[PDB]
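S.K.: Between the sequences and the hints, there should be enough to build the whole structure, so can you do that?
Here are the chains, one letter per residue:
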Amino acid sequence: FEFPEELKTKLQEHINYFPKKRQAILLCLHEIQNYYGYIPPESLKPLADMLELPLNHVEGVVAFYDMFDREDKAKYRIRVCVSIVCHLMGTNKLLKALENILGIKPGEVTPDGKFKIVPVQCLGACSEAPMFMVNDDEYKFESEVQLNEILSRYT
Amino acid sequence: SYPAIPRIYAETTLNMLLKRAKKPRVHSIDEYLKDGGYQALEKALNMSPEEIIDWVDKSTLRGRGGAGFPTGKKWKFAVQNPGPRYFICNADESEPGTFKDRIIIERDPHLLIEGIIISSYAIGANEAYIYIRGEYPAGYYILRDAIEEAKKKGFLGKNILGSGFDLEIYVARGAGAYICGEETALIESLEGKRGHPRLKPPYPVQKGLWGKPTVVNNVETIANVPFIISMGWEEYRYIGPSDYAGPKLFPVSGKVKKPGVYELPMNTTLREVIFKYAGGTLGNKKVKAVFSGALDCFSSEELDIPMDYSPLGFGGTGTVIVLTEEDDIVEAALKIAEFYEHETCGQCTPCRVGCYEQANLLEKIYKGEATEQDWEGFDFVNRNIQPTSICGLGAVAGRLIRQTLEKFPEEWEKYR
Ligand SMILES: Cc1cc2nc3c(=O)[nH]c(=O)nc-3n(C[C@H](O)[C@H](O)[C@H](O)COP(=O)(O)O)c2cc1C
Ligand code: SF4
Ligand code: FES
Ligand SMILES: [Cl-]
Ligand SMILES: [Cl-]
Ligand SMILES: [Cl-]
Ligand SMILES: [Cl-]
Ligand code: NA
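Chains as they are written, first to last, in the deposited numbering: chain A, 6 to 160; chain B, 3 to 418.
Honestly, the hints are just simulated from the structure, not real lab data.
A couple of the hints might just be wrong.
Stated by the list, open to error - The calculated BS3-like cross-link candidates involving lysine-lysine, where the alpha carbons are at most 27 Å apart (straight line), are:
hint, chain 1, residue 1, chain 2, residue 2
1, B, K25, B, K154
2, A, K110, B, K369
3, A, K145, B, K290
4, A, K15, A, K25
5, A, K98, B, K259
6, A, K101, B, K259
7, A, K26, B, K160
8, A, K145, B, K259
9, B, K45, B, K155
10, A, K110, B, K366
11, B, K287, B, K416
M.R.: In structure tokens:
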């Protein structure tokens with residue numbers, strides 16, 4: 006397996022950034038998920054080499070950290086907060102809208118393979134509950150029509 | 003241009019930490035300078051490190067990351083150990099209800115940065131790290147840009163303002179583990195490993211990053227340091243009670259009218275936070291309970307306590323989640339149980355199994371599927387998550403839920 010030049014450039018950048026290469030592991034994994042929509046299993050042996058880490062270490066890191074997905078490819082991840090405050094304020098209303106618009110439930114990927122709904126713990130935006138993200142973007146859920154407009158920005 | 007972020011409401015009576023961060027926009031370095039910024043750094047660099055530690059000590063500044071440990075003392079303890087030393091800013095803010103640190107990060111990053119440089123000089127660290135949760139991408143990019151701004155202006159790099167002091171600040175991202183907020187797990191993460199808490203001792207201030215003396219401080223704690231240098235410790239001590247001085251950020255959520263962050267003195271009472279500042283309850287409903295994040299549960303009988311770190315004080319991070327009379331405490335307890343289920347790192351058996359079983363059984367209790375033995379089992383498990391635990395998570399995973407059992411016996415009895 007080979008990283009495309011454009012990705013590999015950014016990975017080497019992260020590796021150069023910290024005083025020790027291994028410290029860049031999460032920046033690298035973040036980068037790989039963004040490029041592919043997930044962490045390809047076959048991506049980890051070349052990563053490890055760039056990191057100068059044993060494959061087993063890199064694999065265990067991927068397993069530990071909840072944001073990294075090794076199974077499902079998805080262009081956009083809709084992280085819906087399922088913690089106390091958002092639950093109080095109306096998480097299930099947001100999930101209902103997502104079901105109406107996308108036809109999928111938490112943990113599922115559209116047959117399109119472009120949206121995955123990812124249930125997450127508190128997003129640190131509780132005053133604006135119910136809260137969700139679309140990849141790096143973060144929003145309060147207000148209404149179905151708003152959610153529609155928001156999701157339409159991602160193609 | 004940065005990733006979209008919500009507009010969290012903020013209000014202040016002291017106009018210190020939220021002088022700028024009360025407005026929801028990135029305040030870049032020129033606006034920071036125009037507002038008197040980087041004056042404290044200048045003053046600090048004309049002081050000795052030991053003087054800064056003394057001032058911070060005499061300020062009565064306490065950690066705002068949950069444990070309320072005196073900051074000056076932590077610094078003193080660290081510098082008892084030969085350098086090199088590292089300084090770490092903890093920006094993992096992942097506890098339910100807590101959104102106080104991000105508005106500093108995303109709106110007034112130079113306040114934090116100025117704080118980090120002063121704190122780093124104080125303990126003789128030439129290398130600093132911000133560990134920011136992965137779910138704060140905007141915060142990460144804002145901080146990266148701000149650091150480069152400060153570097154351009156000569157507040158970072160070599161020979162900062164001719165002082166002979168060198169500092170670089172690196173920004174690490176988390177990847178979705180609440181346990182990475184715990185200082186040893188954060189350090190494990192920083193070294194590019196799984197966020198497994200280390201057995202203590204040693205404590206980070208002796209052996210931390212690469213086994214070197216390491217000071218970990220919360221975003222909010224560090225954000226106070228410019229004001230201590232600027233005002234002086236005496237004037238800082240006059241803010242709120244001499245006992246627990248300075249501004250504090252209070253992230254207020256739930257069924258209040260005006261949810262947001264409030265900058266208030268810590269002698270403010272809980273009743274004041276909810277009713278005076280946050281505009282009381284939605285629909286003027288009666289307060290049933292206040293969850294201190296995922297740590298404590300205060301009933302409506304405990305509203306006239308101060309928001310300080312005294313024995314009868316609110317304590318914690320000042321996170322205020324307001325439950326009203328219409329809210330089901332068992333349902334709420336389950337959410338808190340669910341949190342701990344999903345965040346235990348699994349290293350310690352009672353934490354591993356306890357966090358799981360507490361949620362599993364509590365869900366059965368709420369669904370009305372629990373047997374008598376399930377109830378007894380839930381009781382036992384709730385009281386037995388802590389044994390053998392090597393971090394604070396195992397020790398507190400059953401705390402809030404237990405308080406709900408004690409303080410709201412009637413509501414639980416219904417489910418029996
Ligand atoms: C489970 C757990 C999670 C924690 N999460 C955070 C966090 O998100 N932010 C933080 O600053 N401290 C957090 N802490 C506390 C830190 O370990 C540490 O007390 C603090 O960062 C020290 O800085 P301070 O003295 O300025 O508060 C956590 C502790 C535990 C046990
Ligand atoms: S107490 Fe729990 S969270 Fe802390 S190290 Fe042990 S298993 Fe992990
Ligand atoms: S509970 Fe959802 S953002 Fe905190
Ligand atoms: Cl190296
Ligand atoms: Cl999922
Ligand atoms: Cl000055
Ligand atoms: Cl401990
Ligand atoms: Na409910």
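S.K.: Against this structure, judge whether each hint is valid.
M.R.: Going down the list of hints, with the structure as the test:
1. B:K25 / B:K154: 25 Å, holds
2. A:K110 / B:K369: The hint holds at about 21 Å.
3. A:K145 / B:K290: Holds, at about 26 Å.
4. A:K15 / A:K25: Given pair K15 of chain A, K25 of chain A holds - Cα atoms ~16 Å apart, limit 27 Å.
5. A:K98 / B:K259: Within the cut-off at roughly 20 Å; holds.
6. A:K101 / B:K259: 25 Å, holds
7. A:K26 / B:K160: 23 Å, holds
8. A:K145 / B:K259: 17 Å, holds
9. B:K45 / B:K155: Holds, because 17 Å separates the two Cα atoms, which is no more than 27 Å.
10. A:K110 / B:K366: Holds. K110 of chain A to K366 of chain B sits at ~22 Å (cutoff 27 Å).
11. B:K287 / B:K416: With Cα atoms ~22 Å apart, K287 of chain B and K416 of chain B stay inside 27 Å; holds.
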